[PDB]
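With chain V fixed as given, assemble chains H, Z and X onto it according to the hints.
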Amino acid sequence: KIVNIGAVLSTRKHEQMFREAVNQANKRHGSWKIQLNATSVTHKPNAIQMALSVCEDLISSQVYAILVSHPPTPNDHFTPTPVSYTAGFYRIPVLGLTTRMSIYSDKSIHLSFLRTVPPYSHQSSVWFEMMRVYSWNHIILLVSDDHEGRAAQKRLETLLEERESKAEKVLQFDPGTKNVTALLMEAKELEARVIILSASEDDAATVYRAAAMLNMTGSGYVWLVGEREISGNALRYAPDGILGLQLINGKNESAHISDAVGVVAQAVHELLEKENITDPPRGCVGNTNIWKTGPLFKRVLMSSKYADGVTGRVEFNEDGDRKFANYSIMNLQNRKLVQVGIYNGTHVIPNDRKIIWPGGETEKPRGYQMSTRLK
Amino acid sequence: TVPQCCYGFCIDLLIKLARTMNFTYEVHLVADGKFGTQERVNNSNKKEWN
Amino acid sequence: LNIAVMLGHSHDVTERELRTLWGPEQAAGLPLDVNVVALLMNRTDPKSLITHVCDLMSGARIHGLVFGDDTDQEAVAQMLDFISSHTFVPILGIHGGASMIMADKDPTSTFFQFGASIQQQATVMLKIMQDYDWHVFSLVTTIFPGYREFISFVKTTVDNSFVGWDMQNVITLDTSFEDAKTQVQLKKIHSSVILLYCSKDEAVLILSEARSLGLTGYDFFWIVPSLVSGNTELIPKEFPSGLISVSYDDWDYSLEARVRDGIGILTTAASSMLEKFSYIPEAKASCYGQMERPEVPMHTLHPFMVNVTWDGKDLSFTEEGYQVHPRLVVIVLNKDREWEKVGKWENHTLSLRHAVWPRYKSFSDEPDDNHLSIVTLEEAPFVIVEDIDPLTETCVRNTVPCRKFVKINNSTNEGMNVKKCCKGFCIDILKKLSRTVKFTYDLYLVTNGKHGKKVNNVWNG
Amino acid sequence: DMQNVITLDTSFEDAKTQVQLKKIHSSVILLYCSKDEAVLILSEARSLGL
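Taken in sequence, the protein lines are chains V, H, Z and X.
Using the working numbering, you'd call the opening residue of the first sequence number 1 and step up by one each time.
Using the working numbering, you'd call the opening residue of the second sequence number 1 and step up by one each time.
Using the working numbering, you'd call the opening residue of the third sequence number 1 and step up by one each time.
Using the working numbering, you'd call the opening residue of the fourth sequence number 1 and step up by one each time.
So that you can see chain V by itself, here it is in the shape it has in the complex:
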């Protein structure tokens, strides 16, 4: 009955928050005498290692699920591949607590890995809402050439052509491309000024310099920005009036602890309702044996609903990303963020703050500018 549940953080105080939420989990509508013992190891300094605690300590203590932040610095290439894939052997379900790297969405390889925080490509869908907030048809799609970027392309190209809206250009980028000036002159060829933006900080920042450099920033030139570009120097070269995005409760990770423990506790009680509960192996030696209830863990976690999360309804997508996460949509205006857009997930709530369109005024522009020049 005792379910050991992992937690990979930077602190041990929020590991204690897991311990106390595990206490609540034994309390709140969950029945077991000792159906939980707490297991929690912080993020490791060597991202090589990443399985010492897991096999030697967690799987040896038969941990069923682990709850992991980005990293203890959260900002290098220490996006958590190695612990995940060491849990990717034998169908061990893991919830990415905060993650938005939709590389981890790739369920062909990311077998047992679902996210409380939906990645950037879900943000793709949100722009469609604003399409119909602002009646657009001439479309500039700008993709740093990424598996996440191309998966976001997939979401975009679907959610376009489902309603048969048609993109003009998807220009495509490596990171570090600074001679985008050719692609920028390509961008000078259009009716459209609907500038839909996806890269890291620095690509964006140099492009803001170069495009501002073109001149290319005037009302109409609407900068539709991914949140990697809502950090660092992409902050610091972008003009003003620019829409940015925010997931509401993307960072209350204490609320993420509370929600995740309530979810996983009542999902454990759904597991104890099931029959033939296969055993967690202790050793990562001699145990060549996949969880048979691996896919049954997946059927538990996909079919369990939790409207009672602190962040709202902890109720996921088909991809295991929470449905109807609250959005707030922002405007650097004198580089001072001006909230306008708010979503339950889909319900359009423009704040009474006006959108200075990110060159000129507060008037809804046109990417519709004819040439009368017929090739």
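No wet-lab data here; the hints were simulated from the structure.
Hints may be right or wrong, so weigh each one.
Unchecked claim - Derived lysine-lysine pairs resembling DSBU-like cross-links, with alpha carbons at most 30 angstroms apart:
| no. | chain 1 | residue 1 | chain 2 | residue 2 |
| --- | --- | --- | --- | --- |
| 1 | Z | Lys155 | X | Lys22 |
| 2 | X | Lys23 | Z | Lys432 |
| 3 | V | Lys178 | Z | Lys407 |
| 4 | Z | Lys187 | X | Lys35 |
| 5 | V | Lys44 | Z | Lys284 |
| 6 | Z | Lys450 | Z | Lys127 |
| 7 | X | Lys22 | Z | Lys432 |
| 8 | Z | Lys187 | X | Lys23 |
| 9 | V | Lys154 | H | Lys47 |
| 10 | Z | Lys237 | V | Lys298 |
| 11 | Z | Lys407 | V | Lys298 |
| 12 | X | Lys22 | Z | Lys187 |
| 13 | Z | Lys431 | Z | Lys188 |
| 14 | H | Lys46 | Z | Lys127 |
| 15 | H | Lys16 | V | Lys375 |
Frame of chain V; chains H, Z and X shown alone:
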């Protein structure tokens, strides 16, 4: 690529549409002289309009 | 200089030292003193992975990697990413899960694995639909992530085909054990050749359900690759005649032949090193140490694995590490539920088969006796026999192939059943009788006599 | 225009029935049964969509 004199029905129509429609017309010759159909490129599958 | 080898428990390690001595004394006798640490095991076990990694990274920084296991767990080959990206040493996957490629290869990974080139699989499957003219489909996958890949394969490669492949759509089982929704989706299959991408126990479910549907009848056909066959040594019970997989198995091969091939591949890439360098990036110092960086200043084999040929075999890989000339041992279950070879794919990836169309032949009978032996004369315009044009298939719009008996000599009169394209009145009429009498009509051509002769009333023709 | 009299053999076969019931392929469905058999058939044909 020499710009060369052109004559015809369609010119008359385009000037009618310059009148009724207020456009300018950027008029070129085909390198192919052909419509160009979906035909496969090398790798022998790439069915592309030519 | 060094190769490490860890195996499924199989042909022995003493046998492996003999294979190492034989490869070392075979040809191009190794200025690099190439030296191998080889064992047999049974573990998919990451602590065992950690031990063997730390022992052989500590042990003289071993330089080459050849692996064929007796397992099936595919994701452990994806767990070789951390070796390929924490030792940055090129990994040869031959058997086990190391054969089983669902690893979409990374810029950080150093994988070269001999197995599941999924593209080459798809092309082989399509040429299977070609080479007995199985244009009429019925498509079933499940929704394992990674089967949507195959769905995109079908969409693109049929839409990149002017052949006009006759489509019955990819009817995907959503989850297992729906069992009412499944057979609702399964009464939507309405053709002969049934094309499957599932798991193995899902195939137990589907053959159990389709023996209730009768779709396992023995004029239907069933082509299921090494995803569900896996070990041809594993022949489960509901699994009839004519089941067809494609697999890089040691039925055509051995372990050690592939081993000496791959060792030579490693040493030719190391030769291209000592061409373009005169140096080798060794393995890292340790497991747990993040010492300076992972700056491979002597530049591991991904440009050097571009050009490798061995012994007439272009054993170079793709940029995605798949075989330029793949092997693709196409093995077929028969009446006795026996995986037996039909096809091979090593010559320009072209089919190499037995010309045996009918094989669905009363395993779980469902005995099918409808095949009507029709052997006629070339009688224009009742019978006008064309040949096979290389017109992306053997498919002219109104033709049926007709197996003539083409004698080899005037002496060796072995009439080789050559399929030839066919038209005429009577063929249109037999199409009308496939429309009315509705059977299968076995078309051949008369060699001995014309119509019939009273050769003491021994009839000819 | 005939689609044949597809007779349910015994009640509560429930797999053989819907095997026989995926053989109905037209609009007008003409019934001679009992009442609880019709409860069964409308329950099953709401699953068939007939």
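Structure-based check of all given hints:
1. Z/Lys155 / X/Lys22: holds (29 angstroms)
2. X/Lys23 / Z/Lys432: holds (25 angstroms)
3. V/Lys178 / Z/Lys407: It is violated: about 70 angstroms lies between the C-alpha atoms, which goes past 30 angstroms.
4. Z/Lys187 / X/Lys35: Holds, at roughly 27 angstroms.
5. V/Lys44 / Z/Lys284: Between V/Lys44 and Z/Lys284 the Cα gap is close to 20 angstroms, so the pair holds against 30 angstroms.
6. Z/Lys450 / Z/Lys127: violated (36 angstroms)
7. X/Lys22 / Z/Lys432: holds (28 angstroms)
8. Z/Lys187 / X/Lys23: Cα-Cα ~9 angstroms, so holds.
9. V/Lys154 / H/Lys47: Within the cut-off at roughly 22 angstroms; holds.
10. Z/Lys237 / V/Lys298: Status holds; Cα separation ~29 angstroms.
11. Z/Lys407 / V/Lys298: Answer violated: Z/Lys407 to V/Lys298 is near 62 angstroms, above 30 angstroms.
12. X/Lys22 / Z/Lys187: Distance of about 7 angstroms is within 30 angstroms: holds.
13. Z/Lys431 / Z/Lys188: holds (25 angstroms)
14. H/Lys46 / Z/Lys127: With Cα atoms ~18 angstroms apart, H/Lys46 and Z/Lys127 stay inside 30 angstroms; holds.
15. H/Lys16 / V/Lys375: holds (17 angstroms)
Hint violations for this structure: numbers 3, 6, 11, all remaining hints satisfied.
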